[PDB]
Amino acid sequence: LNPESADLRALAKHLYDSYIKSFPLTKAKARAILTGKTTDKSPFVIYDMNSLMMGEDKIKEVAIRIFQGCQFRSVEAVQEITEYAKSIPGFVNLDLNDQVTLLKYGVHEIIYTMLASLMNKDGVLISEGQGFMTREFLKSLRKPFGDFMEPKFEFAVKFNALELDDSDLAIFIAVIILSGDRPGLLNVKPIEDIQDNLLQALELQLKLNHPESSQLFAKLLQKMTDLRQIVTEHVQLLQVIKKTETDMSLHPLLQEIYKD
């Protein structure tokens, strides 16, 4: 290690530190619950209509209720991600407008990155890990709701194969937020300078933590293309909902985000 790389390590430690402080459910905790490393942290499995009402006692119409649940957790994440953002060096010093723009386009890409930590080919964790809803149950929901989660799962399965851990992800989502190609950015240069530093930190982090993983750095940046697609698709389905479901409300915070 040299004087320059040492600064990168310092930045990684910081971000990873702020990550833990901002997200109550890390991937480490999620993988531990999902892989039987438990007896005290075993989740209740929801795989059908009956287990749904059963769990609602342990952890209108089902479909809508489930969707209303996703909303609640989304707003939660936005709040958490927004708190993590503030710890990214230089972030809060940027033009307020840009701060708003970066969160606007970055929040959902981050959510799907982290939501993968709570997934496996067969399902996803819910209620801070207390529950576990099967991929099949969600895919059987009343249309067009049964189409909501499938795309996320497909991504998660591929993304999870990279075997990244919390310390890697902490820098990675920081890179996501600080994107100079966001639409409407007033001052791009300042942002790119921060991202340039994060990328440097990520690269070193991946090299050190994943020595036998060839071109993990490059393979990880390409995943950013997968996230964009998932976001584009979500908005489309969300539009359909807005019209076929005029009696269902959407949290204003989330509304201000999709107006892109």
Given for the second form:
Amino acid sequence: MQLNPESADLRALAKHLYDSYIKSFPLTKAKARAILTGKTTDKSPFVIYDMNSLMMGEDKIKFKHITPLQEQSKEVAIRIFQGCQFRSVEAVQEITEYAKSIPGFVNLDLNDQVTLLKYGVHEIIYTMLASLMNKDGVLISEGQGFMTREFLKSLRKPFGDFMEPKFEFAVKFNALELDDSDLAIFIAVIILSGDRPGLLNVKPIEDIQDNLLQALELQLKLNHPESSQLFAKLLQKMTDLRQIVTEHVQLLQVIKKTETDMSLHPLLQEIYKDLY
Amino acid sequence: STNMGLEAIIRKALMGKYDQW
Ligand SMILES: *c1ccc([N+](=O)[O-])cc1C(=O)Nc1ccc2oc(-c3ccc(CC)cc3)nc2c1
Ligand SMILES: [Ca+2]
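Could I have the structure of this protein in the form deposited with the partner chain bound, to go alongside the form deposited without the partner chain above?
Zooming out: every chain and molecule, the one shown earlier first.
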């Protein structure tokens, strides 16, 4: 590895991506981890860890003696997915803003820009979701709440199975200790994916992605002396992010053919809307 | 379009002015 015009160009691109990442994403990983590790002394989320803590606060004591509504699994799942999609609007807008700062992206056919983002955002939302997760739980209600992993896992099927594979992913992804500067390039690589269905012009997307991959390679070597195959491990995380998205799409096919009746407390329905 | 909601948000953000796209 040498310091040469090619390396300096790849560093200039990493710095450009980091600067537009900071402008695009007000909730950075650093800010997420500071909330999860106590540091933000004025940002102290309430922990929801059981049915009692779910219904603490005057606001919520009134669902303690409400009588559980029977509904189809199907209808409860779809209402949750309608809500978390609606609540993703800021993330989608921020990712779109970020994509426009990737050199070459706004020169692509505008329909290809829409295709890259309408598939890419879901993998980047799960990347952001990892930032909100530790082994114990996940930040909810714009960082004011913390829903426990084991409480989510305890809920009746299929809901109790929705989040555990995202936790399994997050604790392993988070163990790589990427920072915001690593993530800026990671996310750019995901967005400039030449394999998205329905792309008109694949080659110019692959040309930008090849340059982003070289910038990621150099970034990880300079930023992570402790992990010599971090680049290969991150390329495998990109596969894992696609598999989680595919699992959502498949589960939705499966739930849509079920006619199971069940209840889910309205306050648990509300919390699932903050997830993905 | 089964994804017209998501596509619209992306399109408005790409084109610049929410109210015109
Ligand atoms: C929302 C809240 C909670 C949960 N949960 O699992 O607990 C899930 C959601 C949710 O709707 N998530 C989700 C995941 C992945 C998705 O991928 C899409 C999608 C992919 C591709 C296209 C074609 C352009 C459109 C949508 N939507 C997803 C929703
Ligand atoms: Ca209109």
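We call the rigid core whatever largest set of C-alpha positions still superposes within 1.5 Å between the two forms. Residue numbers count along the first chain shown, from 1.
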Of 220, 194, 230, 66, Cα shift of 2 Å or more between these two forms on rigid-core superposition seen only for 66
With both forms fit on the core, is the shift of the CA atom of residue 51 between these two forms 2 Å or larger? yes
When the rigid core is used for the superposition, does residue 165 move between these two forms (threshold: C-alpha shift of 2 Å or more)? no
Shift of residue 254 between these two forms at or above 2 Å (CA, core fit): yes
